[PDB]
Amino acid sequence: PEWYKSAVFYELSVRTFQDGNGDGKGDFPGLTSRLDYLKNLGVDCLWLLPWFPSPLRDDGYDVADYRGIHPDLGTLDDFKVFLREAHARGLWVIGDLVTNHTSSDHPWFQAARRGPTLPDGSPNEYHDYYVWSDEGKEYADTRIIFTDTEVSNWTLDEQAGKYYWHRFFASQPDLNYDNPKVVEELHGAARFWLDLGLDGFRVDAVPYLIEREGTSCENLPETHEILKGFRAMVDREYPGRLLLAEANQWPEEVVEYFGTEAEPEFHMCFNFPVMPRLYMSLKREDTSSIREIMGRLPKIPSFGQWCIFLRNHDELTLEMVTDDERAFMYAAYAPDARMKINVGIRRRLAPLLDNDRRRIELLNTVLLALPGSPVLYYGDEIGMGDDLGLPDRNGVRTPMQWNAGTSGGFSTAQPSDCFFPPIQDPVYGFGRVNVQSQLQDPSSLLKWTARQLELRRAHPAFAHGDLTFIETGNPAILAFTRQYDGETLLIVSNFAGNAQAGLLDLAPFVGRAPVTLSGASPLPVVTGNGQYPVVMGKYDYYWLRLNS
Amino acid sequence: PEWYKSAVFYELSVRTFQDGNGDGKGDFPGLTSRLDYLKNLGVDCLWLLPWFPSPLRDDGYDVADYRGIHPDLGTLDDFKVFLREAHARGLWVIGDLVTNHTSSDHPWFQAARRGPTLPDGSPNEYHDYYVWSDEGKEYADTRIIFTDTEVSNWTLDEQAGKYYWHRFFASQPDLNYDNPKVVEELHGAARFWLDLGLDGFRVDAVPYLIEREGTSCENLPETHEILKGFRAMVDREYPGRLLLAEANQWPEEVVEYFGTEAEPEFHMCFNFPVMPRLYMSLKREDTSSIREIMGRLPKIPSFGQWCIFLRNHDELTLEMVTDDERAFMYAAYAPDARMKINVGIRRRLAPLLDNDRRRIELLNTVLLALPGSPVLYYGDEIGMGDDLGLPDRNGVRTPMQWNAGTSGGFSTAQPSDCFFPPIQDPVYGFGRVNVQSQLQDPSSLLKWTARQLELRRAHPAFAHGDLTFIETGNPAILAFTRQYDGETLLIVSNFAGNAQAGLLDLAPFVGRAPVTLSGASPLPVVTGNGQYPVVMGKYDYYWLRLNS
Amino acid sequence: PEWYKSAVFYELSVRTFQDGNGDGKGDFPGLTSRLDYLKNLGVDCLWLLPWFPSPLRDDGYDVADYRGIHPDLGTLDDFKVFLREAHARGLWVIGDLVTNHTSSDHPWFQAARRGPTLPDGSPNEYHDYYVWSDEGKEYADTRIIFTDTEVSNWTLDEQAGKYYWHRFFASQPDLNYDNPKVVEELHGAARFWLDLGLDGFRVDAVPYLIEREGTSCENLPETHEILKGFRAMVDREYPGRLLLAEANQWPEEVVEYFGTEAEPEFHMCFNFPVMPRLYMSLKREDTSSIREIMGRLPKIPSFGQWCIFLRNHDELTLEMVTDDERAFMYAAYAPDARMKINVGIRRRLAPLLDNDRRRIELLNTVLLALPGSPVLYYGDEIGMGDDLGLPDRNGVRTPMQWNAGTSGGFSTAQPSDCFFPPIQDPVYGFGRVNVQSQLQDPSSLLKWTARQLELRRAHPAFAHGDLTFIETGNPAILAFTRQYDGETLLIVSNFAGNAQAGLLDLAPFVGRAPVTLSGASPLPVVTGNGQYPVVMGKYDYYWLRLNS
Ligand SMILES: OCC1=C[C@H](N[C@H]2C[C@H](CO)[C@@H](O)[C@H](O)[C@H]2O)[C@H](O)[C@@H](O)[C@@H]1O
Ligand SMILES: OCC1=C[C@H](N[C@H]2C[C@H](CO)[C@@H](O)[C@H](O)[C@H]2O)[C@H](O)[C@@H](O)[C@@H]1O
Ligand SMILES: OCC1=C[C@H](N[C@H]2C[C@H](CO)[C@@H](O)[C@H](O)[C@H]2O)[C@H](O)[C@@H](O)[C@@H]1O
Ligand SMILES: [Ca+2]
Ligand SMILES: [Ca+2]
Ligand SMILES: [Ca+2]
Ligand SMILES: [Mg+2]
Ligand SMILES: [Mg+2]
Ligand SMILES: [Mg+2]
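Chains as they are written, first to last, in the authors' numbering: chain A, 6 to 553; chain C, 6 to 553; chain B, 6 to 553.
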């Protein structure tokens, strides 16, 4: 199969990973010096947060120049060396393609805001790069994403004397995909990096490209059409590259972003629908929603692969759960108002689970066992915390924690001069949570992650198999099979914090012996009616094979 | 009107309030020395927990003798002084009538377990006192109440070689109320205490008296009949005395336990329907469930009053809430499995609200301003915590905390020798939480409670007026009026942790000023459409009078 | 800008914070061991009370060696370790420079008092260090500061047979700043500590340096000139250090102590004029004094920052308020004779506000929201009380209360062996009020204070913004805006104990939507003419931003 189908992805932010020169900002040289770490961990493809020139009002997702390297990060030369050394070690690298909008500081908007027509009466060709309105009445009753900050998706520009559209911050005016010069402007952005050897893109905020009156301005067919065309371009000019979609929508609409066999869109999309149901189930001690929401995902094209994930650099999003499910999530996972933002909970994986390794390991094993390619968020493999004193979603973007030295090993700059402060609290600060500690610790979470990815490489059914759920007679116990190329894996997992009993419907497997993938230790042979009694300890995960 | 309509109740346990003599067990001489404190708090009626002789397998709710005083608590003489001194201070006292069942140790059951006929052939009249079955397949698919202890509501008696019935523990066999001799053993048990001057009874577990095949064995019309004859008795032989029912059922089944004007039952029932919705609304910042369960309550007889309460000696009960309501409450209010028992949450009021006085005060103001008569659980007026290392529901029955001396002022005996250990943790311990502390502190929870009761007493609409909810334009803001004898109170309460805006429908009251009950500070008069704009700070409660 | 404009200051006393060796006295080893506490609280600069050798007749403000460490506190090595550990955590430190006077035990004064001419007939260079009069009739009609102790500002030295000047205790003779050798001795004291890395100085009693006949001997131009020279010396030889002035004068004279842009003096002064008016307004429930006094303060130099404080190690000074205001304050806050001392009230914050956390929280938020940098008095963040059985102002200097073990955690010596006895009363004693308790209490005053500072960090308009008072129609409601960097904060505060309504004049902000800084909950958009109705609870603080 395709290479993204067997990849382990790792999300990181250059500005925040490793500082080479002491100025308190992460840079490409520093990242380059930590590629062995990543490769040794089991990671195949790096996804880098936006690295472009930017005023950084949205941490670099407000892009001022698509064909360069933000000075904080080094030079285009440093980037090219980084990418040569990543491929040297057999890693792929994808970047973040911000397509729905640019920074207000981008030259195109600096131009667009001079008005429709130029001092000499000739049309301003850049005015139609963005979306203007005289009074801002259009696209009413359209959802506001950054609700804690924006009262409107229209904002009046003082120089233009008109309103411009923005699905995100006001300093992030939306591009106009009804204008064909904009479609080409970002094909050209794509070519610039694909040409240098980048292996693909995470494509950002794709559901919000085209706005149409009388609709939600999400998932519009006019939007999908642009993505089909973006895929046809890459498919022709750069075979083998990866287009990955950030499309947090409900199951029926998400699968649309893969396109069809006849008309392909994305190769992979994040599985936003299952993510919140993992957390809900852990609290409810009941994995129904996991099974229900996955069952609502229609089959995807041949070339398609899901990207599975526990957390990332944004909040834990509650946009696409029901109202009762959202209320449950704030109650169970955000007991401080400060942990809420913009319809989601802005916390890291370990804090979200009360720093309980049994529960952390549990969800990571579901992450590695569900059908897709997993993506780890940087620092989650050592158990990093968060700093909710930082604004917006930056509390989960604090410096990587490398050792107990100055600034957690992130920089020789003082923690007060680092672009964000390395966490220093008594539970998750870098005197306790760092890579150097966990490399010497024989039983560290980091060592555990490495070992678990290793276990998964051994069994291609994780990467490529189907998924069939198994009845257990106990909602605390989720059980399913993964079949691929002759091998059958049984995954049994307890989402309860005490011992749980189950009776597994192993009818199709009578006469087979389940045996542990780790240590090749066999269980009683399935007999009789195949209803198989099991007991599990708290947050237990059973990775088993069903014999030939 | 009736005295229980204007009364403030207060629930305590003699074994646990005050130890007079130094042996570690609270007693009636000790309780007697604290009547002045209770008088000064603003309390009118003491409800005592079961004081009868007993092996204490359900803390005295397993009664071995309905006509005595448990030796722990002193003697029947000590009882008589206590009731003289309480009455001398204008206090009413009601006992706990454990009707549905007795202790296995009661001399009734020791006789009934010797078989249907005696060793000399004659028939054993005590056998039909309890409910029996040879195989114990009757009344199946009936709910277990103590789901964490009892596997079945039938248990084999080894000597009588049959099964007996028990809705509660196996040492608490149900009484057979088909047998009219049992109805008369409890009438005469009631008569014993009423003859001594006791002002009433709280009656225990009244839904579960009669059991019949093909029914749930709850609120059976037969059970109600027995209650009707109990009130008919008391109305005749002891006018003015009080019958109060513990009936945890859904709004439509609970009002039945009042009877009708023509056929009366209880004077008072505990308003269980609203109790869990108070907590949900605080966590959801959504006061909707309060208005809906209050709305499902049908009007009650003329003589009837609700008994409003936040907590008691039992768990917070999750039996009469939906499955999603129950699952939400576990998430929001029971982070540990230890905190759970028997479809409920075994935690004191202050721990339930994270010791946030602003929240504690809010639920109290709602407790004091809903229609009915409030009952305070002992020690919640100084903010006692709990001890969840103690079995069953004992963790909310730890000794009262009077001062910072030996065992919190409860006993001269060591904490290890007290019947329950006085709490000594750094947050709720008697070094931090005690009555001497809060009589000196000008602003303690204790003095706040005494003053809020003082303020309530000044406005009889609180105890007898009607309830009209009011539209606020914000699920977080609960607003209602109370109307009685020409007074109109307006009770606005924020259930959200941040500031909240609201538009109150004061259309009926255009032209009238609202003014504070405390301080006589008037707000702007209501005008025009009477949509009254209001802002509220976190957890704010506005007690206001609408001028005339 | 400069670091002290963003700093949160914290005032502590080494002898009283933490004893690191069991001898009952705080020391620098002990204070070093508590630095993570201050860091995690959100403190940036530690103002340490006088740490010099001294007989402690005024608790170390009678200095006897400006270049050493009082043996109670440890050695100069201990001081160096403390400064290294403070800076290693991003904490600045400043000392208390006692410029106006030395101890009578100071070597200089033991020398000066020998007479103008030594036994060998040669002159005594140290006689002219202090201020001498032959009959003590100069500067008559000049205020006595320590009115409860000192009957005159001239006292007869037994040995010199002349009169020496002292604005303070007779054991604190005033230094004579007309002698330029004196001026050099305190530039030299400054240099010593400024050379070890200390970040600056709180400068004690700076109005009273120079005395002149026919004046008040306050705020004289000759005193300001010496202070300009002190600023010049630091500006040149130690750039970036902080000079903070203690000048309790009337609003006009206070501002002089900043100097001018051309001839600079102090970087910061305490905002003494506003401090009493905060208390006046809380008792009157009328905030006009807060506005009248704030508005008599002229604009300050570019480098100027105000230091805001509620209480400190002194008495609550009533020196700079009218006779009627002072009589009110005595009536409202000094019921017992014992509570007055020298034109002022000697009580801690929490006793002053009757331990009402609502009122403690209100004034703390005004402290954090007025223009300036805030300074917290140690132990006030946990609600410490006072011991008015101690003499002078020591009642507010009792040891920090850390846990509920021996002496409250301050020392392993018994309370009766501690320099001052740690409080043990039922309301404020370390058994009820201590750090460890309040770290476990999910709702403690300590956590509140930490979180409120974090709220403040997030909005630079608090440190840096301007201030426009806003009409409300209700004197009980104090409303103002803070504008900086185009972020606009609206801060509304109720100073009364019941609900209050008002009409905010928000005309400059029509079309803006106010949202809570905590939670982002929106109030209605300002419409119409910006007359915005609000209702507030008792002692409510609305902390709002005006979303643009
Ligand atoms: O709807 C799902 C999401 C999409 C959005 N995430 C992406 C789009 C935004 C584009 O500027 C950006 O802030 C964010 O980091 C990106 O990863 C949003 O900001 C998230 O908070 C949210 O969970
Ligand atoms: O359904 C309401 C309830 C009734 C039951 N409460 C009473 C019945 C039990 C009788 O022995 C007794 O333990 C309990 O204290 C009484 O107040 C039960 O134990 C509670 O858990 C529960 O909230
Ligand atoms: O007028 C303001 C004040 C200054 C003075 N405070 C300082 C000067 C004194 C110098 O010896 C000292 O006692 C006090 O602690 C210092 O902080 C005075 O003692 C206070 O009572 C008073 O509030
Ligand atoms: Ca768009
Ligand atoms: Ca029964
Ligand atoms: Ca002087
Ligand atoms: Mg760098
Ligand atoms: Mg006793
Ligand atoms: Mg010491």
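To be clear, the hints were calculated from the coordinates, so they are not data collected in a lab.
There could be a bad hint or two in this list.
It does not matter which identical chain is meant; a pair holds if it fits inside one copy or across any two.
Once the Cα atoms are required to be at most 27 angstroms apart in a straight line, the calculated BS3-like pairs of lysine-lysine come out as [stated by the list, open to error]:
(1) 345 / 167
(2) 233 / 452
(3) 543 / 288
(4) 167 / 288
(5) 304 / 345
(6) 288 / 345
(7) 452 / 543
(8) 452 / 345
(9) 304 / 142
(10) 167 / 452
(11) 44 / 233
(12) 345 / 44
(13) 304 / 543
(14) 543 / 186
(15) 233 / 345
Okay, the hints, checked on the actual structure:
1. 345 / 167: Neither: 33 angstroms inside a chain and 59 angstroms across chains, both beyond 27 angstroms.
2. 233 / 452: neither (41 angstroms within a copy, 53 angstroms between copies)
3. 543 / 288: both (13 angstroms within a copy, 23 angstroms between copies)
4. 167 / 288: Neither, since 48 angstroms and 43 angstroms both go past 27 angstroms.
5. 304 / 345: neither (34 angstroms within a copy, 40 angstroms between copies)
6. 288 / 345: both (18 angstroms within a copy, 14 angstroms between copies)
7. 452 / 543: Both: 21 angstroms inside a copy, 17 angstroms across copies.
8. 452 / 345: between (32 angstroms within a copy, 19 angstroms between copies)
9. 304 / 142: neither (39 angstroms within a copy, 45 angstroms between copies)
10. 167 / 452: neither (56 angstroms within a copy, 46 angstroms between copies)
11. 44 / 233: neither (33 angstroms within a copy, 54 angstroms between copies)
12. 345 / 44: Between copies, since 25 angstroms is at most 27 angstroms while 35 angstroms is not.
13. 304 / 543: Neither. Shortest intra-copy (33 angstroms) and inter-copy (36 angstroms) distances fail the 27 angstroms Cα cut-off.
14. 543 / 186: neither (57 angstroms within a copy, 51 angstroms between copies)
15. 233 / 345: neither (36 angstroms within a copy, 50 angstroms between copies)
Checked against the numbered hints listed earlier, the structure breaks hints 1, 2, 4, 5, 9, 10, 11, 13, 14 and 15; every other hint is satisfied.
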